[PDB]
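Colleague: Letter by letter, the chains look like this.
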Amino acid sequence: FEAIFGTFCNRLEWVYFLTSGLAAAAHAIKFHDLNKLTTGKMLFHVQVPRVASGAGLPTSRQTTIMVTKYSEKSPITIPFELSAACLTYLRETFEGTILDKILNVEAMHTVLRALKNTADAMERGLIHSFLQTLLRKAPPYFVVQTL
Amino acid sequence: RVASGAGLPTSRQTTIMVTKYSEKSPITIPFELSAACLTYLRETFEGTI
Amino acid sequence: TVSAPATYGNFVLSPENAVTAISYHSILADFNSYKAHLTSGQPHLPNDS
Amino acid sequence: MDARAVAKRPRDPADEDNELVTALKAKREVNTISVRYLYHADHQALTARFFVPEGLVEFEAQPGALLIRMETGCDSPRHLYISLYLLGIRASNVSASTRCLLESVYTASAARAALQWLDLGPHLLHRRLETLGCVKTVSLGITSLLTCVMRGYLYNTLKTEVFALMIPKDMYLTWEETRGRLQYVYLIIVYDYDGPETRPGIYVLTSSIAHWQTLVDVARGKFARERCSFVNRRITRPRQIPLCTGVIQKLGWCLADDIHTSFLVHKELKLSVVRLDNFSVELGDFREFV
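Protein chains in written order, with the authors' numbering: chain A, 50 to 196; chain B, 99 to 147; chain C, 295 to 343; chain D, 1 to 290.
If we strip away everything but chain A, and leave its shape as in the complex, we get:
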């Protein structure tokens, strides 16, 4: 005979944005109505001190600058797929036999496992996109040291 020992399913490990150290670099705000808007602007108002000049030299003026900061959009996507077997068995029963029960259990577990994997992948994609937008804007060392 041919002997098959214990079969193993992968013990996939979960990860989250908040649990990662990168979350400390970030501020995270959730907003259920984000789909409707595409503009986010912040404004800064600053008055710069001027030292009173000496005799004869040109004098300074009361001066201010006003500057605005804008938003970057970078949505992320993940696809996941279901076969016809799971889709038809998830909403049907055939004679109520034991094998049909096995198929129903398999279909339900398959779709829910796919949903769980997609959620984990979405969290990974969110942290990935945050790193992308952070790194794409960071200048190198020599320029900042020269500055």
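Heads up, none of these hints are tricks.
Below, simulated DMTMM-like cross-link-like pairs (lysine to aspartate or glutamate); rule was C-alpha separation at most 20 Å, straight line:
1. D/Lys27 with A/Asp149
2. D/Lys250 with D/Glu288
3. D/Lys250 with D/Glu282
4. D/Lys8 with A/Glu141
5. C/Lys329 with A/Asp149
6. D/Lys27 with A/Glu141
7. D/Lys250 with D/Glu176
Some chain D residues judged to face chain B by a derived CB distance under 10 Å, without partners named:
8. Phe51
9. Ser139
10. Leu140
11. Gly141
12. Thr143
13. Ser144
14. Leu145
Here are a few chain C residues that face chain A, going by a calculated C-beta distance under 10 Å:
15. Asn311
16. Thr314
17. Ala315
18. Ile316
19. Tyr318
20. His319
21. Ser320
22. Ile321
23. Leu322
24. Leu332
25. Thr333
26. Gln336
27. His338
28. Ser343
Since the hints were derived computationally from the structure, they do not count as laboratory data.
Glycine included, every Cβ here is placed at the ideal spot set by N, Cα and C.
Guided by the hints, dock chains B, C and D onto chain A, whose structure is given.
Modeller: What follows is chains B, C and D alone, placed relative to chain A:
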């Protein structure tokens, strides 16, 4: 998987199976005995020291 | 100092594995547990055989 | 089977739970995903996804246009997805000003390669082209993503607004003065054989006629000069094998009151178009008339 931006490629939901097998390697060793030893072990003659 | 197993482990060939080997020509370890879990509706295995 | 089950009203996707909701209800588990209502669930329109080079996307940055697949016999990408507006640069049925404007706007590198491929081969436009219906999204880049409908009512995702289809003014043709409340729109290609080149004309035709025989009758009536040109080339130059003075393809049904005239702007350049808002796509294949 990890997500990506619209227009960029996306990773298909994927699974894989692997089947490790087994190996065979027996072992042997002989041990000897002497004929006089065997015959004295089996039965005894007239009782003497 | 460290604790170690004092003897070899014993593996039992179940009677259901006998009929599976005779007819199906295969032996599934801990077969009764497999049948019970399959009919119960829990896919995740209790522990390695 | 039982009488009550037979008499019972049909199943109601309108309020019955979606499959993912059923599964998560079954295990009593909740993911962070807003799983309840699926977008595009009620969509009837059949959608395709197409990738296109960056040069061609101009005038598609405004939603709504005909997307055409053209052939190239090279081993490297065999098909290139072209827009109807760019195709007008080849037609002899375009005024000089409009052709000059289109020639100036589409001067990106990729576009001119398609124009070379269109006329570098012996075959006419008829055998080279095929229609893919109407395009309705943009995602720009070095390579851009288009989404397109091949049997459809033309709408945004939430159906918050209907999307129109725009046709350039020079190509638009009508063969009746009064319009019934329903009329179909067709793609028309005709060829001039008197000139040295087989010079093609590009037309879009709206008509209340659905039956092929009468439509072809009217077409042969109006295109008599082009038909005479075909016969003239056939008699004049033997061992040449011309064919199909004109070809027809059916592409659309629309409610005639919907038609409007509008202007279209891109790259702060201004184009004149005709517009059909409450449009729908029905696709047939090309067919020949002589």
